[PDB]
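Only one chain is shown below, in structure tokens, and it's the form deposited in one PDB entry.
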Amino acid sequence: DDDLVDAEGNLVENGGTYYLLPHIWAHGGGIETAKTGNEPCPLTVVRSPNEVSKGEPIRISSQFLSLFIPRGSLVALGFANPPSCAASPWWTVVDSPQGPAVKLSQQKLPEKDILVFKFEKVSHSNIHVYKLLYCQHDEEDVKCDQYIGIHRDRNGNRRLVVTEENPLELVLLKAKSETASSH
């Protein structure tokens, strides 16, 4: 398929809110926000330990003026209900001593700092299962030869950082509301 398709086989609406669960049932199930290091609050994008814990909704937008987002499109993911110290829902990759790390910022990132993602397909499958890729911009615009896998922390944290090769598979599911918050 060239477009992106979710779990109930429907097309992934552009800039729609989704749940980024994993292919295999027993791996956890929810992308979230944990406060690690000395972020004055939760900016480290993690993965809900409780399997039956859908975790937060995530806006999936592209660069195009499309009603749907086609594979190939660089994309910007982002907690539709970002934590106060954000003011930018968006995920972004900073540099840790252990390389790249998805997190939130307290300031606005330029688009070319947010729009650094790409979804890749999984062929030996039935559901539409994808593998999150990452694009480095050095000299020339895009390069998606990286990959996002899970990396654990001494505190049971499942750090979502760029990995050599142990991608995290993800089946996108539509969010059945958008009011889930703390209003």
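Residue numbers count along the first chain shown, from 1. Take the two forms, find the largest set of C-alpha atoms that superpose within 1.5 Å, and that set is the rigid core. Compared with the form deposited in another entry:
If you fit the rigid core between these two forms, you'll see the Cα of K143 move by 2 angstroms or more.
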Contents of the next structure:
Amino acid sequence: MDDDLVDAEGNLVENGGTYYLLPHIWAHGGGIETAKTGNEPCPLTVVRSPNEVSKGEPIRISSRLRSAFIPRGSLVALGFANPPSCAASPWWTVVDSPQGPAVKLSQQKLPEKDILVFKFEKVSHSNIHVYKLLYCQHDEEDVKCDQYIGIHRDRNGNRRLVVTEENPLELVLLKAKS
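Alongside the form deposited in one PDB entry that was just displayed, please also present the structure of the form deposited in another entry.
One chain, no partners, no other molecules: that is all that follows.
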């Protein structure tokens, strides 16, 4: 059977490894990067590449647990293998935004529970492993988390990752190499 996270090539995901977050479509954006938006002195904003031919930034996927893999439904922290030189760390986390809850990097050392707020979900496109991206702090087994990360294109064209009730991300995981 299959019940651990699986990459774009059919191999179990290495817990803590770098896998690119790529799209399930073509001419609609590239991999996932950063962007300096508003008044951040550096790209603290996580957005989708405006370059259809890019794999984006190589992201780290950790369960912050002692497993070689990452079980389905488990929470994970996603973070830049080579993050902006101005963040307390490379891990992503959510903060309130007038565009709704935005995914960003922080100039603050964050307590675990602020970064391990992500979870993947099986899109039923069968033959390749496509996942949606959930944001859950308040977690588990009494209530289902249903806060999907969508995209928000601001006036300056940035495809910002926030929590939207529409056009939610659907991704595939490509293992980064040397």
